[PDB]
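**Q** Given next are the chains, with one letter for each unit.
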Amino acid sequence: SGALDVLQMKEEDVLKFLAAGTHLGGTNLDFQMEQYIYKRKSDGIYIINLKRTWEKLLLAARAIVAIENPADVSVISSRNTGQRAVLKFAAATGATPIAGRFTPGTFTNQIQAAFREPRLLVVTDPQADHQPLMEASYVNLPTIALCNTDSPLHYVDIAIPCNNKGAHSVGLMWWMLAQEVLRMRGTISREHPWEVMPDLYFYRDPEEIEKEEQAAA
Amino acid sequence: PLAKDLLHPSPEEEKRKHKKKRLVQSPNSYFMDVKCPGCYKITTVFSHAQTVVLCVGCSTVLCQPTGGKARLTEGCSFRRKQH
Amino acid sequence: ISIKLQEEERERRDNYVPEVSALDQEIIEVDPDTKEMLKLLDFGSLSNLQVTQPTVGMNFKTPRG
Amino acid sequence: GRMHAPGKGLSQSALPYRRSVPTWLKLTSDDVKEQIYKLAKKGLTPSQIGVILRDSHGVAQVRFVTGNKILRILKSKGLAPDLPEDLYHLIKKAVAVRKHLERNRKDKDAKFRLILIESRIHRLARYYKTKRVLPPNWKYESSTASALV
Amino acid sequence: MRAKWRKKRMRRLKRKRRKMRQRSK
Amino acid sequence: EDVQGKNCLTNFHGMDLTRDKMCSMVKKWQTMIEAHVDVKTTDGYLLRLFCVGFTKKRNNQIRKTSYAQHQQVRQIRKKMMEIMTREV
Amino acid sequence: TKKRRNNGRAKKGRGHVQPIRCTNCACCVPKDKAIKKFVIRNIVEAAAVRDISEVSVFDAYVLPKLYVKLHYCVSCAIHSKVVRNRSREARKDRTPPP
RNA sequence: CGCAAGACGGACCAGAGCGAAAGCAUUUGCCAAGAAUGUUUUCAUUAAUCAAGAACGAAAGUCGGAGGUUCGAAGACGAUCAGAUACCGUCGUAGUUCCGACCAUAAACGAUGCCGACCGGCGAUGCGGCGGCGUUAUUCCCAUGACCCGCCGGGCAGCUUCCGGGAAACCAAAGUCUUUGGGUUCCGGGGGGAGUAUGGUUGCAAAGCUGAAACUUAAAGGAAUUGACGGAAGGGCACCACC
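First to last, the sequence lines map onto chains B, c, S, O, n, C and b. The first sequence begins at 2 in the entry's author numbering and counts up one residue at a time. The second sequence begins at 2 in the entry's author numbering and counts up one residue at a time. The third sequence begins at 69 in the entry's author numbering and counts up one residue at a time. The fourth sequence begins at 2 in the entry's author numbering and counts up one residue at a time. The fifth sequence begins at 1 in the entry's author numbering and counts up one residue at a time. The sixth sequence begins at 89 in the entry's author numbering and counts up one residue at a time. The seventh sequence begins at 2 in the entry's author numbering and counts up one residue at a time.
Don't take each hint at face value.
Derived pair list, reagent style DSSO-like, types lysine-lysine, alpha-carbon separation capped at 27 Å [said to hold, decoys possible]:
#, chain 1, residue 1, chain 2, residue 2
1, b, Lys70, C, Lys152
2, b, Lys3, b, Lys34
3, S, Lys107, B, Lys52
4, b, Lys3, C, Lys115
5, b, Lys93, C, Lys116
6, O, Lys140, c, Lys22
7, B, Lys40, S, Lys129
8, c, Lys18, O, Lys9
Here are the computed distance ranges between Cβ atoms for each label pair [stated by the list, open to error]:
#, chain 1, residue 1, chain 2, residue 2, range
9, S, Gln121, B, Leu30, 52 to 60 Å
10, O, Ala6, b, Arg15, 14 to 22 Å
11, b, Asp94, B, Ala4, 51 to 59 Å
12, B, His193, C, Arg151, 55 to 63 Å
13, c, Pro2, C, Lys115, 41 to 49 Å
14, O, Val150, C, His124, 44 to 52 Å
15, S, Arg78, b, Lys82, 48 to 56 Å
No lab work stands behind these hints: they were computed from the structure. Cβ atoms here follow ideal geometry from the backbone N, Cα and C, with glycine treated the same way.
Whenever a hint applies, use it, and build me the whole structure from the sequences.
**A** Okay, here's the thing in structure tokens:
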């Protein structure tokens, strides 16, 4: 990510951030997130530094590529938004998804059915996905987190500063991270705007799913 | 944050802090070239004056004392002078 | 429950993608303060960034009680 | 923490690092001393002198401009008071309170604040007798106090 | 026996000892 | 004051507010400001005018309380007394 | 053992508060300690707002309300079922109930 | 509708303020006092805590006046009751109020000595100061108020956290303690006997301050858990319950 040109932030990537809204923080600020910030607005909303966002994205992707067997990375979302995004990320990268309800004791109770024993976690929200962050602290699990400006950084080893609230922002942030782990692995080249479209990862409200079910004809 | 540059406080952080609690102790006051338009002479007034600084050869009364910074009378301008 | 397909609206339909993405805005709405931070990156001037007149009267907090 | 209050105030005056005089100040150390003499003759304390100087005449610290400080400039020539200004002001306050408390025996709060002020006096008296800037024979008595204005 | 009433009893018992001691004076 | 013949001729004796209204006005989280003025008209009628005032929570006021200082209260009270004298 | 942090009452930096009298009983209770409940209440509930408005000399006359600030003795209050005992978790809830 | 007297200061009134604590709430004036902030003012170690000694010290209570509205120890009754010298009710003296003199005690409590340093996060509030788009008033600009968004200090607090501690309940202090030493005052040593006897001392008195022993005893006690129990709160079931 650093002092390098091949992994430097490109122009269409900035348009994809600014369009999604990954530069819009909360109204609140976590004390641990004060470095991943530029300034407030009027209306009180904190603006994230998209460079620092990209620096954490590549650091995260670097950590994800360093895991040799991909099938032991846990890609966790509980909140609606990320459910689809993580389910596609694991298709792209050959990781294992946990979309929705996280059973307490998946990482801890060795007799449970959902006893997955990963080497690295990715987390859509530290607040909503707090149980797996806590259970990472019982079986040594590094955690990557998609952290809003008011996301608690307890048990978070790389915090990617985003707007993990908004549906566009999350789908985008997962797509960026999925496309970067593949580029670093060497499954895509960096000269081709990637065939997979960031709209593929977006959560779709069932008002907008029943907008598709009508408007085909 | 664990790691803070305690020797190198960014000037946004230093001017924020209490004057006594700054890495090196530094006041929040300054001297003003206060000039009234009626008179010719530039008087040196202290920002946190706490007296009635008069025009010597009376054309006016320049500042009036308050809690902190004195009120410079309407008509008067000020340059903050430094070394 | 857990069946073979999973289940032709979750495996097949979830590969739904429109003509052009919602991130393909011709005119991106933008405040002067994220213009101020992109100006302190390599991205000082883009063509498809229409900077709004800034929001006036800071009045966003929920009244207490 | 204050002497006779629970107050943990931090309203201190904070001198700058650079003891070096500024540039703009055109008054030489002698004319500052001459103006200090002019203020002392009018009937002002080293506290009141220092305020009037830094306000109207842009002289931050007399110690910075000259070598010496305002009481030691008063004292060298003999414009300094016989008993210190701060112990004067406590004795002045104690005579004010005691006069109020002559016809207000009900005012128990006053009486308690008098004892706190009396303690400030005795405490400073004891300090200045170690530095012999008061006679060893001196002792603040509240009956002898009204003559000490 | 509430501790306040134990005190009151012991206080009135002490008052009846400065009666039998008040005769020899 | 006078009774002519099937006509009780009456004269103003004192205005009062309805307990209903007076109670409705006294809300928590604001300062009540009362005043009273011993005054005399140009004709020799002597009145005691009691004023009441309540500080207003502003249009954009996010802070819960709407209290005056005491100097603010007593300057208001001083203007109440000044005006009730001035207009009697 | 200490049940409440704020020892039942709402004084922190006082030492003394003026007492009031519980309305049901008449027991001297500290103001801050007392369970104060303000009651705005129509002089007639529902059965008579029909009948009285019909015999209202006026056309479109709103009724008055009755404004009484009740104080309560802690016993006064719990017997009268104004405040219930709560679980040691739910004791810490200070939001007035919906 | 008035008149008189004496209490008392509702609602506003807050986990708000001030005070060393006890305490302090109509208006206005006078009187001295005070913390906090502001300070490129002054003195220059003057300080922290404290045997002796001292000031203030709720309520009740005592002595001599003044006043006595309400309320009400004692007492007189009227009920309840087996009894009821009590709870309930009607009267009601001392007292409650004011003045001068005592008394010096309260679960006088944050049951938490004072001073100082350090170690988390958060949004509030009160006081002062400083800065910043905007709205409103004195409209005629200012500059001041009223909101608004921040920061700094000082205060009463609150929430939150595996800082750490603790027997735990809990505590940003009750932490920085076997990795034990920042300064200093008071004070505890199983339960009773006992805050008793005795001596001194203060007090007009009531009593307060200091204060044992014999003897007796295997526990008394703290916090938390489970159960049973309630003349506590809520929910649920049953024609061996009701409708």
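**Q** Sort out which numbered hints this structure fails and list those numbers smallest first.
**A** 4, 6, 9
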